[PDB]
Each structure stands twice: as structure tokens, then as C-alpha cells.
Amino acid sequence: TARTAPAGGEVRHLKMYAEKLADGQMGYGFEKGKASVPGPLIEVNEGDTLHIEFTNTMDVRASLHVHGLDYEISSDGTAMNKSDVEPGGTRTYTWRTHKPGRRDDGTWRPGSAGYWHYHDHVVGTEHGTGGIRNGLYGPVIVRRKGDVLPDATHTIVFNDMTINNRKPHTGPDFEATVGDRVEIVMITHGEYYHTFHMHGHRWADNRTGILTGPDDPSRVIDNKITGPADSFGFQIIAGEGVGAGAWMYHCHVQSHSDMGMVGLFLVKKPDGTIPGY
Amino acid sequence: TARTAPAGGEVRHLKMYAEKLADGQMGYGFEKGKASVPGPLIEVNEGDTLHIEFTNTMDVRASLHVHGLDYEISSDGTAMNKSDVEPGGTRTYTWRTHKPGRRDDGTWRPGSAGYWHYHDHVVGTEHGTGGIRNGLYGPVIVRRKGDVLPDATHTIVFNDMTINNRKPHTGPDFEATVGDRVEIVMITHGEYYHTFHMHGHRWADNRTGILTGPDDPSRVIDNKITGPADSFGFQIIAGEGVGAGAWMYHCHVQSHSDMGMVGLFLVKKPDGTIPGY
Amino acid sequence: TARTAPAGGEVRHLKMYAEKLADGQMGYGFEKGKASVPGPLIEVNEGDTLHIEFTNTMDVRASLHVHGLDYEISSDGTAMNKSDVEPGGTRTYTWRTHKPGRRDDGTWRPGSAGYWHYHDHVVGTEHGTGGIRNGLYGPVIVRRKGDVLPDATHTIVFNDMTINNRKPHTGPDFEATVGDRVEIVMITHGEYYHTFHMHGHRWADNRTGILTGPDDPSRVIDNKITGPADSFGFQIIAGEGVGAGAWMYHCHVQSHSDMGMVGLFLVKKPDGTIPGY
Ligand SMILES: [Cu+2]
Ligand SMILES: [Cu+2]
Ligand SMILES: [Cu+2]
Ligand SMILES: [Cu+2]
Ligand SMILES: [Cu+2]
Ligand SMILES: [Cu+2]
Ligand SMILES: [Cu+2]
Ligand SMILES: [Cu+2]
Ligand SMILES: [Cu+2]
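Protein chains in written order, with the authors' numbering: chain A, 38 to 314; chain A', 38 to 314; chain A'', 38 to 314. A prime marks a further copy of an entry chain.
Next up, chain A with everything else stripped away, as it sits in the complex:
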């Protein structure tokens, strides 16, 4: 049987930093000097509370704003609600999550589980346009009790005309072995719509990207249109039914793929070989 998420409800603490990078970009990190674009993955269980002690090490105001999770207005990360952070400053954001359940009126409250993201809200403009452009974005995953955990999680961010703020035609590339349970968090940012596509693999267009059984009528797809701040996620079995290979993923907007929005899902045999590579 596959590994599954346990019941949540833990209180968790975390240090996060905003850093200007030597190349001019901006990244979050869990450790000073180890910021990355995209930011590090934050993964919690429904019901967990997360207290992020955030330090802006930059010379400009910056913030943390999250999608999907519960937060009070004092943690929405906006200038308006006095929730950004001054240069050199520290603030504790609090993110909460909740489980689904029946309300008193008989309705069904949705849980927090899903594929989400965090990003800056005040660099460049009051909507973080400069922050996002420079790399201040990262993924968040909230797990429901009992759903399936992967062998590894990769984050693919279409940010304007870049993948993960990389130069055209520089990946990123990811590697797996035939049979691995691979998870993708797919996030879009900036100005343009895109269509995300994988060669040789497909997934369900629902909450987890996975069907639990035969009753789910969700479309099975390998192409999906996305816009700025959209986030979705899915799991695949690397090479399932198709074998080892250098499997392209790309934006399928023709000029975008032509201009470098391309990468490789490198699925290897156990000996490491990739047919045709």
C-alpha cells in the first residue's frame, strides 16, 4: 500500500528570509544565504498551524502572502493592512489550515487541502509585481488525512516567459526512475496565460490530480491552460505504460516553447540509461 498523509493538527514553527541575490533576483529561503527561486516547499497537514518568523534582509519593503490557507488580515501580507515588512525587519506571519466538516446549517465546509503558493505583495507595486518577477514565489502543499504521498515533489513555475526564472532553454530538468511516484506542483505568475503539457504522462483535472476509483468523472488530461496565480498539482508514475525516456514538458503555446519554455522529465532505467539520450 502507498504511503498516505496522517491526521493533522500540529503547531509548527519556521524561519523564512527574503534575500536579494547576487544576480539581481529576489528569493525566499529557510536559511540565510540559501534563498532559492522558486522558494522552498512548505508542506503541512490539514489542521496544522504554521508560524513563520519572517525576516526581510533586503533594502526595500517586502512581504509574505499565501493563497488558499487560513490567515487573519494581520497576516495577509499587504501594505494596505500594514502587514508587509520594512527593510531589515522581522514579522511573524501565521497560516492556519482546517479539515472539512459538516456545519451546523447542514452544509459542508471545505478543507484547506490543495496545491497552493506564497509570494510577495509589495515589491515594485502594491501587488508584488516586482517581487514576483524577481523570484519571490514558492509552493505550498496541504494534505488531507489519507491521501497519497509521493517519492519526490518538483515545482514548475511559469513566470512570465520563464520557467523558474531560468534563461530560455535551460530547463529545469528533473530525473526519475521508471516506477517512481512523482509529484508536480505547477504554478503560474506574471502577465501571460500558458498551457502546461507533459509528453508520455497524464493526470486527472481534480484536487489531487489523481482518481481514487471508477466513480470520478474528472477529465484525464496532459495539457492545461493556466493564468497568473493559478496553482494545481498531480502525481504520476514515471514511465508508467510508456517506459524510460527523455520526456519533454513545455508550455504548448507555440511561440513560448519555441522561445525556450521547455524542460525534460528524464525517466531512467535502474542502470541510469535513457533510451535515445
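These are computed hints drawn from the structure, not numbers from a lab. Some hints here could point you the wrong way.
No copy is singled out in the list; a pair is fine if it fits within one copy or between any two copies.
Stated by the list, open to error - Keeping only pairs whose Cα atoms sit at most 20 Å apart, straight-line, the calculated SDA-like set for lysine to any residue is:
hint, residue 1, residue 2
1, 305, 107
2, 204, 301
3, 69, 253
4, 69, 40
5, 136, 184
6, 119, 190
7, 204, 185
8, 136, 199
9, 69, 186
10, 57, 95
11, 136, 249
12, 69, 313
13, 119, 46
14, 136, 252
15, 136, 251
16, 182, 142
17, 69, 95
18, 305, 211
Given the coordinates of chain A, work out where chains A' and A'' with the ligands should sit on it, guided by the hints.
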């Protein structure tokens, strides 16, 4: 228990007008001199029939065309099918709705229930490009027997680079009290794709925007990409799990929010106060 | 009762050609001299294997690449994986499909069933930008055991600013009789997002476009946003609840419909008449 829609099947009558407004815009209304942009909400139950006695008070041809509901070709609102209205003229459009049910061949006929809209089809071009641009659009809601009625319904229309044809950074703003059941009808028009986003709230990407219980695998989202003539809708509990606050909604295409596609969901305590506002 | 797909598992063989057309376009066909834009429909049952003996009759390199179905890397149709075809050359692509089922780890493997497409991957650019632009695309349908077969299937491809590579305002138009079970395969290609819309009809936004019964919470729609390489499909009962008529379909992006992305769903009485036509 929450209030729910009853069984439909009523025959309803309605007067509607198209008016040029003093500012140059065009609006529909239920009363002469009270046209609005967006047009007034039309809400019916599955099975109801609606007879709209429509008068074009403008000096140009205009029409009414609806999405989703049943109508005969004589009510499709097009110049081609001789279904528009001459300046000063009156025409009765008929919209019908039906319930779901089993067909003789064993298949399942879908019902009309959903979040829909009406708009002009002949002002400026044979596709109403001028009518829509000037404000001739409005929302339609069709309820299925037994689904949940809100405390209030707000209509948010992304029309080209405007929200409800308003100037940049002029809202609209909406108000609620922590705990209200708030319904959003979200409609897109014009030339551009958008992504609709709410701070502090989320909904289900299905027909009603709501989960009935734990078996629904629909993604829970707070960001959604939309294109011209898309309509969807949802309900939220104002401030549920997040409290009172000035909660922004906006298009999340960065330049669009920077250029004014922003508004506030003002969720108040009972004393009317909004923390940080 | 309606006709339904049987269990699959047949091994099928097929000849396909790439041809330059006299007008300058490029089309696939099952017979030399009978290429079409879009390419011919390939329809199989889940579990079938398809061996396509493909001949490039053009003076440039070309390929076949499919979405959604199972294929080994040697059939992905890319220059990178040495899977394109030289001018005048022949290659056998193999497409496989599989049924859903329970994995050993308890998870649910999705089946291949869906609305898919094939297109060129090497004409003009390493992403087939020229091939797709010139007309090298076609639809694929994979049926699950037991789902509903239509009276006829039409393919509507939004390719850049054209429908099926046709000149503005030249259709295509399709015809039916009130009561026909009409299937639409809707595919998008090129550079631009679109919104596909039908007058007088609607469908479910799920895998088959159809609801099986009352438990499916999928949104019922008549407008849908699409991007390059998106494919979906649905069935409707021609004129159901609305009668005979010249029912427009179009992209609902206003300038796109104004510029000719329009066609007619001609639904006739048995005597062939169309009210208002
Ligand atoms: Cu925001
Ligand atoms: Cu792109
Ligand atoms: Cu955001
Ligand atoms: Cu129309
Ligand atoms: Cu926008
Ligand atoms: Cu319309
Ligand atoms: Cu490709
Ligand atoms: Cu279009
Ligand atoms: Cu492709």
C-alpha cells in the same frame, strides 16, 4: 438548516429596457430610468419559464441574448435570425428552463441550473461588441431544487480592463458581516483573459461553487482563469476561519491589478469595525 | 437504449500520410491524395493498440505526435528522440491505450479514455509550429467500455485566428436533424487563448461532456476557455428543448468573432427546413 431553492415550474413575466446613459454607456433595467451596469440580476428556479417584454429605448438596434437557458431561435437575439429590436421597438423574448432527468435512451439530461448571463448581440457589431463594451450585460442564476440560497448576491464582471465598467481603482467594494452567506456571480467579457482571486476565502470549482459533502473531488481554489463570456459562481461564509477584514479581490494578472482591477470585500464585525481599516 | 462502446483490446493497423497541399497547406490523410485539414478522426477503444505506418510525402522532415495515449519514446515524434521522418520516408508509430484499474499499492490507474489529438512536431520548428500552422493536426477519441456513441462526430479546431484553417467567415457549418446525438471534438492550437461557445446548447465540463446521473457536480456550461493543445469533447441532442434553427457557434473573444471565428450548427426539421434560414 440553510434555506434551499424550492421546486420550480412557474411562468414569470418581466419588463426590461435598454437605455443609453448620460455618460455614454448602455444599460439594461427593469424600470425605465433605472438601468444599471451590470444589468439587474434575473434569478429563477429550474422549470420556470420567463417572458421578458423588452423595449429598446435607444436610437440604435439592440437585443437580448442569454447563455445556458432554453430558448427558441426566435429568441436568440441575433440579427441573422431576425431576433434583435429596432430603435424604440418592443419584443417579447422567452427563456425556458428544465430540470434534470432520465431520457428514454437511459441517458441523463442535464438541467438548466447554473450561473449564466445575458448580453446584447447587435450593438456595434453582429456580436454585440459595442453593446457589451458599453455595459449591456447582466447576470442570470438558475437554481436546482434544494440547493443553498445566500444572504446576498454580488455580481463581478471583468469587462476588458474594467470591473463593472468602472474607472480603474474605483472598486466596486462589497460589504458583509462575519458569518454572512455571500454569493458571487463572476462574469468575463471583451478581449482579454483574466484570473479572478479573493484574499482570505476559497470555493469549489464545480457547478455551485460549494461541496455537498466528502465525496466531491473538485479542486478547492481561490484563483481562476476566465475568458470572454465565461460565467461561474460560488458561495462563501464571510470571514470564516479568517475574521473581519478589508479582503482584496482582484484580477491576478499583474499589470491588470496594477492598473486598477481591484476591489475590497469588506467583512465587518457586528459593531461595523474592520481591523486595519 | 443508446449505443455504447464495447470492451477494447484489438490490435489495429493504419496507413497515414503527410502531404503538401496545392494551396500551400499541409495535411494528414489515410489515403494518398486525400489529406485533409483537420486530419481524419482516429477512434479506438481503451485497450486497443494502433500501429500507424506513416509516410512523409513532403520535401521537409515531418512527424506524428499524439496527446494522451500510451507510446514509447521511439514514437514520441520528436527530432530529439530521433522519432521524426525524413522527406519521402516511412516509419511505424505505435500508440497504445489501457483501461482503468486498481494498482498493487491500492491506487487507481486512470484509463486512456478521452478527447485527444495528434499533430506534427518538427515542421518549421522543433515544436511543429509550422506544421501545426499549415494544418498538420487531427483528432483522436478513446472510448471507455460502456460510454455513449454519437450519431456523428464533428471536429472544431481553433488554430490561431482560424477555424480549421479556413478563411474568416467561411464556417465550417455542420448540419443535424432535431434529435440527433451530435458529438463535438474541440481542439485549440497556435498562439492565442479562445473561448468556445454554442448557441442553444450546453454540456458538462467533465471527461465525456455528459452527466451519467444526478450525482455528478460538474458545471454545465456553454462557454469554455481554451489554449494551444487543449482538447475536450462532448455530446448534445440537436435542438433539445430549443427546436430547429441556425445556431451559431463561435469564439466569444469579441474581436475573434468579429474577425470571422464563427460557424453555424444547422439543426433542421425532418423536412429540412430551418426556421429563419
Ligand atoms: Cu493578492
Ligand atoms: Cu507559455
Ligand atoms: Cu496572490
Ligand atoms: Cu453569441
Ligand atoms: Cu485581468
Ligand atoms: Cu454570448
Ligand atoms: Cu509537444
Ligand atoms: Cu478566439
Ligand atoms: Cu503537442
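Evaluation of the provided hints:
1. In this assembly of identical chains, residue 305 and residue 107 lie within 20 Å of each other by CA distance solely across copies; the values are 17 Å between and 40 Å within a copy.
2. Within a single copy, residue 204 and residue 301 get their C-alpha atoms as close as 15 Å, which meets the 20 Å cut-off; across copies the closest is 37 Å, which misses it.
3. Neither within a single protomer nor between protomers do residue 69 and residue 253 lie at most 20 Å apart by alpha-carbon distance, with minima of 45 Å and 42 Å respectively.
4. Taking CA atoms no more than 20 Å apart as the test, residue 69 paired with residue 40 passes in neither setting, with 33 Å inside one copy and 53 Å between copies.
5. Taking the closest pair of Cα atoms, residue 136 and residue 184 come within 20 Å of each other only inside a single copy of the chain (13 Å); across copies the shortest separation is 23 Å, beyond that limit.
6. For the homomeric pair residue 119 and residue 190, neither the shortest alpha-carbon distance inside one copy (34 Å) nor that between copies (30 Å) is at most 20 Å.
7. With identical chains, the CA atoms of residue 204 and residue 185 are never at most 20 Å apart, being 34 Å at best within one copy and 47 Å at best between copies.
8. For the identical chains of this complex, residue 136 and residue 199 are neighbours neither inside a copy (35 Å) nor across copies (36 Å), given an alpha-carbon limit of 20 Å.
9. Taking the shortest Cα distances, residue 69 and residue 186 never come within 20 Å of each other, neither inside one copy (29 Å) nor across copies (50 Å).
10. Taking the closest pair of Cα atoms, residue 57 and residue 95 come within 20 Å of each other only inside a single copy of the chain (6 Å); across copies the shortest separation is 53 Å, beyond that limit.
11. In this homomeric assembly, residue 136 and residue 249 come within 20 Å of each other (Cα to Cα) both inside a single copy, at 19 Å, and across copies, at 15 Å.
12. In the homo-oligomer, the alpha carbons of residue 69 and residue 313 never lie at most 20 Å apart, since the shortest distance is 41 Å inside one protomer and 31 Å across protomers.
13. In this homomeric assembly, residue 119 and residue 46 never come within 20 Å of each other (Cα to Cα): the closest approach is 29 Å inside a single copy and 52 Å across copies.
14. For the identical chains of this complex, residue 136 and residue 252 are inter-copy neighbours only, at 14 Å across copies versus 23 Å inside a copy, given an alpha-carbon limit of 20 Å.
15. For a Cα distance limit of 20 Å, the shortest separation of residue 136 from residue 251 across copies, 11 Å, qualifies, whereas the shortest one inside one copy, 25 Å, does not.
16. When the C-alpha separation of residue 182 and residue 142 is checked against a cutoff of 20 Å, the pair qualifies only between copies, where the shortest distance is 17 Å, while the shortest distance within a copy is 24 Å.
17. Taking CA atoms no more than 20 Å apart as the test, residue 69 paired with residue 95 passes inside one copy only; the shortest distance there is 12 Å, against 58 Å between copies.
18. For the identical chains of this complex, residue 305 and residue 211 are intra-copy neighbours only, at 11 Å inside a copy versus 47 Å across copies, given an alpha-carbon limit of 20 Å.
Checked against the numbered hints listed earlier, the structure breaks hints 3, 4, 6, 7, 8, 9, 12, 13; every other hint is satisfied.
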